[PDB]
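Next come the chains, spelled out residue by residue.
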Amino acid sequence: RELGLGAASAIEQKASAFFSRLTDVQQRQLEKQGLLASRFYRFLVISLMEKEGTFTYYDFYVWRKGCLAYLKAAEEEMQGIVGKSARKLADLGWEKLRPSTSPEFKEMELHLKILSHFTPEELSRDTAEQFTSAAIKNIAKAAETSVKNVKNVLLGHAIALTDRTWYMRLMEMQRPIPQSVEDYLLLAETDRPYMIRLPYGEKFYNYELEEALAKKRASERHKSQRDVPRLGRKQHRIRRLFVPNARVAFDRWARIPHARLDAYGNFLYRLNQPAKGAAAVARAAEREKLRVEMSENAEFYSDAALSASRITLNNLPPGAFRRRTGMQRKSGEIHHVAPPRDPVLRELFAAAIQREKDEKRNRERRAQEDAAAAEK
Amino acid sequence: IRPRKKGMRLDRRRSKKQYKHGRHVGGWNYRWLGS
Amino acid sequence: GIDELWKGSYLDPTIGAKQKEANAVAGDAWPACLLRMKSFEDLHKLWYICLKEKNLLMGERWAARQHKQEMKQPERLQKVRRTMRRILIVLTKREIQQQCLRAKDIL
Amino acid sequence: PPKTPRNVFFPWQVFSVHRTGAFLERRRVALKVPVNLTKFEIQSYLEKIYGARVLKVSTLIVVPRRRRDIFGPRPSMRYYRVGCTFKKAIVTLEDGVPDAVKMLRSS
Amino acid sequence: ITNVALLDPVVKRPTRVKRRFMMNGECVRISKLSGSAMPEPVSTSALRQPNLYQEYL
Amino acid sequence: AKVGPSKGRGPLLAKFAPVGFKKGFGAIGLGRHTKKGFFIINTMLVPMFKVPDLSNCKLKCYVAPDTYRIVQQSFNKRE
Amino acid sequence: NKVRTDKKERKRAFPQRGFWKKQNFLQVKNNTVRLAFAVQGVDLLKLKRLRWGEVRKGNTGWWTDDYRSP
Amino acid sequence: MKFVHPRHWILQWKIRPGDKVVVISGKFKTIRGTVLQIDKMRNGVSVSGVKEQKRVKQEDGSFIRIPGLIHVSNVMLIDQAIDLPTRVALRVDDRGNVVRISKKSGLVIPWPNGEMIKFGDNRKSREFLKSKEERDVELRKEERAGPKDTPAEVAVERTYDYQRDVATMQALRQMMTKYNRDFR
Amino acid sequence: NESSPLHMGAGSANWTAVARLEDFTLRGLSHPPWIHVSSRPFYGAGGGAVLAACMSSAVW
Amino acid sequence: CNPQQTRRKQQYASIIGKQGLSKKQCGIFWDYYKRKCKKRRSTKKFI
RNA sequence: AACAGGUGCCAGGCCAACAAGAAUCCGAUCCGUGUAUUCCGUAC
RNA sequence: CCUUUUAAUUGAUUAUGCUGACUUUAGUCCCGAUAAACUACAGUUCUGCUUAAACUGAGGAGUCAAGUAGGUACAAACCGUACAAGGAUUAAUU
RNA sequence: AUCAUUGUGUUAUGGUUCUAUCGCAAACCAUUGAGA
RNA sequence: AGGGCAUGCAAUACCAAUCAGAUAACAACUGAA
RNA sequence: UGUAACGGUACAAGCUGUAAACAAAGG
RNA sequence: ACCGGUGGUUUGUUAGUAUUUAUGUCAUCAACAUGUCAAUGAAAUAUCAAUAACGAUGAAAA
RNA sequence: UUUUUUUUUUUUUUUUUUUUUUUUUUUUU
RNA sequence: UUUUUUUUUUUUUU
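Residue numbers (my numbering), protein chains in the order written: chain A, 1 to 376; chain B, 1 to 35; chain C, 1 to 107; chain D, 1 to 107; chain E, 1 to 57; chain F, 1 to 79; chain G, 1 to 70; chain H, 1 to 184; chain I, 1 to 60; chain J, 1 to 47.
Treat the hints loosely; a few may be bogus.
[What the hints assert, rightly or not] Think about it this way: if two alpha-carbon atoms lie no more than 27 Å apart in a straight line, the pair counts; the simulated BS3-like pairs of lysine-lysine are: (1) G/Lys7 / G/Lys21; (2) H/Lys148 / D/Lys39; (3) H/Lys178 / F/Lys58; (4) D/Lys3 / D/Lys48; (5) H/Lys141 / D/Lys48; (6) G/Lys2 / D/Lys87.
Hint data in this document are derived by calculation from the structure and do not stem from the laboratory.
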């Protein structure tokens, strides 16, 4: 937002903040007169809508000077009631409640200082259409500041022009006028003229419009037209099943994630959930049997064989691991041979298993040792 | 179709002719669901 | 009365922007958890309350549509729709109970 | 739409105000209703739910016009429509209604 | 399957059957015509029979 | 084709047809036609709208955010 | 046609010298609108002619500034 | 990065936020770092000091670069025991717990702190590394109701009765009219 | 060549075409053809509880 | 049956006789070049 | 035919919950599944 | 690379050949019956045609087309417009 | 190697066809579960 | 499949001489599918 | 069974069927 | 050896592929309109900074 | 003021339409 | 070409 709005909003907020501190004796007396700090908007508007005819830079400077004078008078009005400074100065935080101490006052003074350097010919202009970059840089050099502040003044001028126009049109039609910044903003969204159509395809100059247009053009190109539905363009069907949509409302109450929000989570959740259905139940049972069997004969199996049997994954869609229509898996169908029934053979089998295990362990140990010794 | 001509013709759905073909988007060999 | 159609909404010309923004605020939708504990009369009254809120919302929706702009706080509609569906879910289960019982006796 | 039964316990009709660009009398309000409601039914809805005083109810059928996709860099030349078929209802209330609700404004 | 239909309990006519779940999670099969509960299936021990065609093959 | 649903025209309607075409939009009958063009209306076929008293109702459309935490806290007690 | 479906684009191909101007009718229509606003007491022409950032309260213009030297 | 096909999803992840990994390949090869963000949907990870190209402006007048996103298959887990890269194997215990085991050393790799992991508001799949300042706020340092908000005390009130319901419902159905008389 | 919606609808409409000794196998935009269109596809990884498939065979 | 085939053949011939060509480099001939390379690599395979 | 998918382009030893090298040299920018050499797993 | 094989239908200035692009003729041809004024101290420009009355106790004496063609900022855009009871007894309010 | 100069030679720009799969059984083989 | 699921495709054929229609008192009254 | 119309969704070659993108907690 | 669940091969690396609609006619009827769901880039979770110039990221850009 | 409905006059059905949803124990208040 | 409480039914007629 520009300084025109924020300054008034902050001044009015601080007005109420300071008014809340007065005691009964000092508040009942002031209830019948009011405070100047709480009437800045009205004066701003009325002074804006004072001069007849066109609006020039000289008139803008006069209006800003009048606003600054009004704020200065309001500061003295506030100081008059307190008067003393032995205890109240520290008990009321007057340092933070002084309008002159706010950043916006410094910005207004800087705007006045920048305007002071304008030439009479430039002061007798209505629009910033013939303002050169060299002229702006010279003005900034003379004012001992940056070109951003210089451009802000022209922006403000434009804004003022627009405001004038809108106010005129409302007053003519005898309709209510915004009373606050909030209302102003609210209304401006759909009731604001910003162009005048001309014949022969003529161009209409507008700094306000120009800047807005430039910003929108800068912010527009960073977009995509992929997921955006269109008329006559084929829409991807597979994508619309997993691609999240940032349009649906979120509900914390619901336990299960929404499929249009978190498909990953929604898929995992059902997997996590117990078995449901005949096929699920059957698979569960079949799995369990194997688990128990393997637990009873662990010694006849490797670590990985035992570990694999412990996985819990229920509610599996029909053929969820097919190469053509399924998930990705590195380990396919793997089986382990059961030990013999003859103890003589069983012992040999066991010995083989243990030899394998010992080999593995040895391999690991070697690496460990290597590292240890290497750490010199 | 004129009134006189239309007054002496039956509906196509009145016959079995509609269940004697396999024309579909896939081709000329259509298999009914649950067949 | 008729005033209810627009009273407290954005359309109301007798209030400022701050009042409309304060009014705009809303909470969470009624869940099945809470809706199950209530009796027939409470759900019946809540149905009419939700219908009144939907009627108020629609106006704003259309208003926005007119100017080719997005309605402020569009989730309200969704919320109301969810509550309305959950009430009927509850009721339907309540009914199915009895239907089952009846079936059992005939068999 | 679905037909209205004799005993209605959970009505689904949604009532809203329609902002028309034409001039309306003091005692006249413009609403948007389904295309499946009668004068009597409309009257009773407002009389029982809202409890608003009603004198007369007028109804009109609103059908959107046809449109063609011709503009843009990549036109499709396809036909379409904007909005939906509805019933423009006009209610003659006892009391007065502000114009700032029923009528549009633009500077 | 298309060549057969489920008979009504009482009506003894072809009809449809729908599942309904109770508050307790109990599943009940209800007919359309009569709106009555369906009977339980026959035990597999009674319906078990030998397949002589397979033996011949 | 010049005439028919082939240019986004849609199904035929009363509006887009000569005088005499009979086509409604879905309604409920409230009477019968006489032998002279009159129409006797009956009040018996009009539906009834049932609405409970809403003069004193504590319930509201939405639920306070603080409700969630209170409901949640009850669960942990059952553990 | 708004839909752009008829053979109305055929004639347009060929060049033309000029076209009619329904000034007579347009003037009347404008006058009626002006009257309809005047009875209420709001100037439409004034607002349709004033300079962008121009303020003119009442029936005032360039002429007003003449005698108003001070 | 972009969304991947569902068939490419990884059911069980071997990397957690805050874990120490080394980039296996890329422009920035032979650079270590710490995990800051993981994307399950996209199959991607975030590591400090890797792919730092974005720039933002701060109120102090300085600039800072945020690391980018890289494929999960481009990184490897380091073993603290040996301080060398190694493959991880997932093993399920009798108790139902999943553990990480090194392939070279064979040692058990404990999981990072669970309290230092933050989840998304709209999407839980996307995890983040909690900061010390953020955690302190919840450790020691720690929404108004609108007009149309039911009281927390009124909302919870129980009024349901089986017997009442059954009694009333029957009557409701039983005592039903067929024609309107009160209308005019 | 005159324009007659009455004639058009009485001789060339949906109910008038069915009475025609024509090749109905051809696809028709504004007609009741008799060509089969293969319906909704197989199921991927969505919720199994929300996959619709039948209606007139299941209505109760 | 034309000038176009001569250009395609000349282009092809100019790239066929090389090693370490990228997909972005090969162009339309990527498949052909991959098949060529795999065919070539056949001689280095032992029992 | 290790076309089984992906990873920046041609991967048995890298991601894919169960085997197997962050392997060495070469490389315009420029990652690089690429050339040369070599080890290992396999009832995949 | 070489060598063996190939049912590729494998070969082009031309069939007024089929499907497209782009030159020449070539800044050539084509332009509908009637306009003007809006000022530096008041006013009524000329011409063609001639059903232009909107409560008077009476629904302007009819049909058909427009698949909504006299609404809207010197807009081919967006947004609106069909009330058989005529809602404003709005002769009041301010 | 005839530009006498309205030509030719080189080079550059412009014009210029448009292919990223969302798929893959009812046949065969192997293995496993209950009951004969 | 927990719940719900407007309307149109002219339907007593899960049966029964043929010939219009919500499928026709005899006869008049007829026939290559 | 296969399809057409209307409505919603972000007015769309998708989804959906006024309960118009979900009930997951029955002691 | 029926019946349920899982995996692989062939059809098929050598063969191919269609569902929506603008336009013609009274009708029958005929018909392959308009690159892709798409700035580009492996990555936009790299499109920074701003006034001219020099500056940032990227293999390559204004 | 028309359309709707009887007659002329016609299942000579104007797809998604109607005084037309299973046809009077209707709780007359 | 039927006009005001709805049906069935007979003769004449400006």
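Checking against the hints above, which ones are violated? 2, 3 and 5
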